[PDB]
Amino acid sequence: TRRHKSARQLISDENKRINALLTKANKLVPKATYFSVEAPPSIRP
Amino acid sequence: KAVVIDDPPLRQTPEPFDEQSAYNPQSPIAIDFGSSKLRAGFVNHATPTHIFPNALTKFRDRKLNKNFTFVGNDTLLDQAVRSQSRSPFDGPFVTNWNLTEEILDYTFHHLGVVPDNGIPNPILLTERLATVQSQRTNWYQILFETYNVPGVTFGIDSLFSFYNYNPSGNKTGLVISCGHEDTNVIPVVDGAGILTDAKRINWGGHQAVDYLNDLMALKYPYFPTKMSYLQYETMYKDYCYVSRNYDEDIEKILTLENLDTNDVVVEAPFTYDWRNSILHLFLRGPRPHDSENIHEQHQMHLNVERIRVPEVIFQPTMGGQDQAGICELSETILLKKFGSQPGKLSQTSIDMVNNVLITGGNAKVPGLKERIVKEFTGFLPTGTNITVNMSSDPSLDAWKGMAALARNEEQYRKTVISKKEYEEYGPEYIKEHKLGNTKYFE
Amino acid sequence: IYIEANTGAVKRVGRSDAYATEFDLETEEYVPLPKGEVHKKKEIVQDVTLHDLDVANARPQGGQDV
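Residue numbers (the UniProt record's numbering), protein chains in the order written: chain A, 57 to 83, 94 to 111; chain B, 12 to 282, 584 to 754; chain C, 200 to 265.
Please keep in mind that the hints were generated in silico from the structure rather than gathered at the bench.
There could be a bad hint or two in this list.
[As the list claims (entries may be wrong)] Mimicking BS3-like on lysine-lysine, the simulated pairs with C-alpha atoms at most 27 Å apart in a straight line are:
{"no.": "1", "chain 1": "A", "residue 1": "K61", "chain 2": "B", "residue 2": "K77"}
{"no.": "2", "chain 1": "B", "residue 1": "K746", "chain 2": "B", "residue 2": "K648"}
{"no.": "3", "chain 1": "B", "residue 1": "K648", "chain 2": "A", "residue 2": "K61"}
{"no.": "4", "chain 1": "A", "residue 1": "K97", "chain 2": "B", "residue 2": "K77"}
{"no.": "5", "chain 1": "A", "residue 1": "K97", "chain 2": "B", "residue 2": "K182"}
{"no.": "6", "chain 1": "B", "residue 1": "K648", "chain 2": "A", "residue 2": "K97"}
{"no.": "7", "chain 1": "B", "residue 1": "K686", "chain 2": "C", "residue 2": "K240"}
{"no.": "8", "chain 1": "B", "residue 1": "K656", "chain 2": "C", "residue 2": "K234"}
{"no.": "9", "chain 1": "B", "residue 1": "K751", "chain 2": "A", "residue 2": "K72"}
Throw the hints in and build the complete structure from the sequences for me.
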């Protein structure tokens with residue numbers, strides 16, 4: 057009976073999982099997540 | 012010149028259903044779970060057998076138990092059933108699970124596969140880049156404890172297309188895919204996608220049609236009839252091309268001599585000089601406006617800014633996302649990574665430049681390859697040979713990718729995630745094969 | 200910019216239009232990118248006279264190069 061999960065909160069609870077993992081590990095550079103794959107903003111105007 | 016009209020409605024397919032009962036119980040099944048088009052077929056066939064719009068509906072019919080014409084091309088018989096036909100795919104992820112179970116059940120009916128426990132065939136999935144872990148655990152659930160598939164593997168469809176057009180499996184190249192809801196640039200070294208240096212633009216082709224809808228609604232706030240979204244895709248895939256140079260075109264796009272050949276006027280269905589006024593040229597084209605005619609009220613005067621819609625994959629700031637375009641991402645990949653500096657290129661960068669592949673459903677916009685190669689020779693050093701590869705139809709070549717991975721036996725068996733490996737390792741497991749995703753950490 | 204390899208002269212043509220939208224208003228002169236190649240080589244002939252070479256190195260106040 058899994059709920060009708062939207063596409064909004066899945067990014068943020070992945071993000072919560074990544075901060076939980078890095079705070080439990082550093083007390094670890096990520097390789098390829100949904101946020102490191104994101105393109106940086108442009109440097110030319 | 013007589014002004015012509017363009018009616019945009021799309022016809023209805025009269026033959027939705029075709030399947031064969033004879034099938035091979037050992038041959039695996041290749042399905043591409045695309046955001047726009049579902050693709051389905053066997054392994055031994057070169058072309059995919061079933062092409063579907065990846066949408067389903069729940070038709071409510073009185074006195075026949077309220078459950079009819081559920082999944083597939085059966086929605087294309089009538090406009091009324093195609094109106095509420097809900098494709099369950101959101102932006103990154105499909106949403107509902109019983110809907111996807113109905114898609115899988117319908118397509119498994121359409122290969123004529125007989126029951127043998129759950130499913131007696133291995134499956135061949137396509138997975139998006141940098142997939143959320145919850146999606147892959149629920150994917151593991153909906154294969155293993157739903158359909159009992161003995162063999163699962165999945166990978167990026169752009170990497171599948173690169174493996175299709177380079178069947179050696181150890182080539183070096185750069186793949187630029189533009190899907191329905193996502194575009195990305197992935198560098199491949201030795202057949203292995205360096206996803207660590209792949210990038211992503213959240214535009215695709217769905218947001219291009221949404222951009223055309225928003226533009227043409229803001230241009231005409233008092234349009235009489237409601238313009239349908241399917242017709243927005245129809246007149247997007249017909250009058251939108253990429254300019255060779257965008258900067259020198261927009262200062263020429265509204266001149267009087269350019270409007271004769273550039274401008275095409277669309278017509279919606281139903282039942584103080586104007587030459588010096590560039591607002592009249594923008595709104596009503598190179599013809600004088602007849603405000604009393606019922607055609608001109610319904611005249612959907614596009615093509616004045618048909619260049620603006622496909623250009624935004626090169627300048628994403630016009631789409632609202634603060635991301636560098638695929639030109640800048642390709643520049644950074646080919647000039648700053650893999651031991652390459654601005655000024656001198658490493659051998660991997662030269663081999664990547666010599667093998668550039670563009671694919672996806674949004675790649676069939678005209679003028680893309682010439683713009684890509686001109687922008688590539690803009691920043692690359694002189695004398696560097698640039699080869700940009702294209703397909704006849706770059707939307708379904710990923711299916712040929714998993715077909716080519718299926719023909720290769722030893723490359724199939726590296727990537728196979730079995731039921732036993734899933735049971736001992738749990739649902740948090742990724743085979744770091746080269747033709748697919750990698751671990752989130754080291 | 201413009202560079203002559205033999206003479207060594209450097210002339211700044213001006214800023215490119217790729218950086219024309221850093222500010223809405225600035226004193227920079229925005230010129231297009233060159234359509235041709237970066238490096239261009241050709242052959243020329245110099246027709247001088249002996250009086251030109253006489254007055255070239257006979258200056259009471261020098262500084263003909265600047």
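We went through each hint and held it up to the structure:
1. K61/A / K77/B: This hinted pair holds, its Cα atoms lying about 26 Å apart.
2. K746/B / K648/B: Holds: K746/B and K648/B sit about 23 Å apart, inside 27 Å.
3. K648/B / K61/A: violated, 40 Å
4. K97/A / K77/B: violated, 49 Å
5. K97/A / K182/B: holds, 23 Å
6. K648/B / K97/A: The hint holds at about 18 Å.
7. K686/B / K240/C: holds, 24 Å
8. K656/B / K234/C: holds, 22 Å
9. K751/B / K72/A: holds, 18 Å
Hints 3, 4 from the earlier list are contradicted by this structure; the remaining hints agree with it.
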